[PDB]
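Single chain ahead, written as structure tokens, the form deposited without its partner chain.
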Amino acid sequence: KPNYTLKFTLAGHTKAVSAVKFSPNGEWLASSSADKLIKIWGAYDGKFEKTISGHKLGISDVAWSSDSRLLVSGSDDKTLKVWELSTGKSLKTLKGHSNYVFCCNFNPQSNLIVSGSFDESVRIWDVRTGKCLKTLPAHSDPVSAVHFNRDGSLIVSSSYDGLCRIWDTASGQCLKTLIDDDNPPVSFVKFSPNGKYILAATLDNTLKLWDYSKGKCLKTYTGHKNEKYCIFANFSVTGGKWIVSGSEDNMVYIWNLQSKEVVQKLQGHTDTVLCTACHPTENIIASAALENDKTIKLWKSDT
């Protein structure tokens, strides 16, 4: 079992924190917020680095490029912005979605960006030119998450419409629709680090590990509270193999991936833990919470 304990609490955002992500090189933590700002922090010591500003309304997601040099954010101003970490410059503003942008990610090569929106579409953008390459009529309700697979050949999307869908990056064809015997909103999805599974959250207090190629649910993770918000979930692979997620009872939940048992609950936040992230090489978890809390917390474990 892990032994995560609190090391740092990071105050700075003036509204709910919407996402936290460690840079692939392990150096930084990026946070986004309803306060319209992205903030960069030292991953190991929590030391504030810089604020990145530009969006006109709150931000729902931020993501790193594979080389840790760029970030992309999605906002209620209906744009995405591509940022250069070193300079803080907005290199491109991606305009095309007709409603709020909810989620975003680079592909492994960091030459494409995928985005999901309240306009019910998934869009694929060229990073270099900042132009919209494809618009997929993906869902019948807002798109809650989008993620590229290990080689970038596939995109997985999730939606409040209750569906998880797999898309061919090149053609834009819908290759698969995944759903279980109940039809609750799907609030989050991502491929596993090894690329052969997807982890999906639904708003019935349940996380599920799918073999997406076979279309079978392999594992379910329960114990947490999730009926309202699109809470991030993660694979922890640096020490023991865990599943990590936020919860609406104000705690971070950690499960054993294989046994599906709850192995730890991290207490400290004063509001719903909306976002969590796992560091790429060290046993470090970042967590952040909604309007009544406004803080980010860094937890560390020897296992």
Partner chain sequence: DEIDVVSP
Second form
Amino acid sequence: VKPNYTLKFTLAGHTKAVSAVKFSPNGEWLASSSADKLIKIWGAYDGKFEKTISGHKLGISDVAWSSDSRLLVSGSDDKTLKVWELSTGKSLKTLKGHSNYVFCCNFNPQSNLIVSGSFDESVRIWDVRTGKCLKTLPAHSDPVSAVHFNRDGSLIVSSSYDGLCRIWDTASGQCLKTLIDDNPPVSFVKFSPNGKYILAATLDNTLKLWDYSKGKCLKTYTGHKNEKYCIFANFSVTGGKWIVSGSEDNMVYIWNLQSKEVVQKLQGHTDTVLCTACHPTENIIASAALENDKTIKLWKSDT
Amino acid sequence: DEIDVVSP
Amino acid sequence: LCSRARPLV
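Now that we've seen the form deposited without its partner chain, could you pull up the form deposited with its partner chain bound?
First the chain shown before, then all remaining chains and molecules of the complex.
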């Protein structure tokens, strides 16, 4: 059982490193964020440039979609987050309160809340309607690399360069759990679609799939290079069950979720592949890379 | 030993 | 360059 992603489109337009790429939940759009201070929207199936969204003062490190594909949230080195209305390009709110670069962000499923993580070592939960910060969690002792809500919004996972991965009760703000052999920086983390497992990446060229309730590592995936950058990893579940991640050898890696065999390496980028994302219904992968490449690529497979 | 990531 | 595009120190 094995995939065959082939290159279909290359999208260009960013003038600096592309920091994140993300499909709209409705499957129609691809958003990209960049150090060039911009967000760009592309048609998810044809890769056709849709529009540019501007307003951040400095580069953007992450960008994310509301549940209804109408809004987007971004986090910037200008210490703020901004909520965008897709259809109009408006900056509806500007979320202020972090004391250093905002690195990562996400809506909850209900999309009435946003979670953020920052170089200032905190995780914040914001009210989407009022733009006010509801809670500041003193989550880590080093910059916060990723944040993500589980399926029903009850839980938040964070990760940090301090080597910890932590689970938080959304309602109370309490730390319910802390994952722990060495303490290599944790560069990325994300719940599984069903909310039972946690995919985590560490700066020792390793991805691990955790059962977070039992606090035990169930799978480990290697072959890629990852010692420097906070690279996105994904579950691909529309066809075969894969793990998908970028890599510092300019290649997109695809593992079999069960066997942990590398089943495909997508070639064609000319710098570190920092971001990847999986389309929600079709077997379509998006990828994008750093300063020396700056292009976004779309790949499709029959499985 | 196979994990399901979609279903509850 | 935004934070994510800068390597581990």
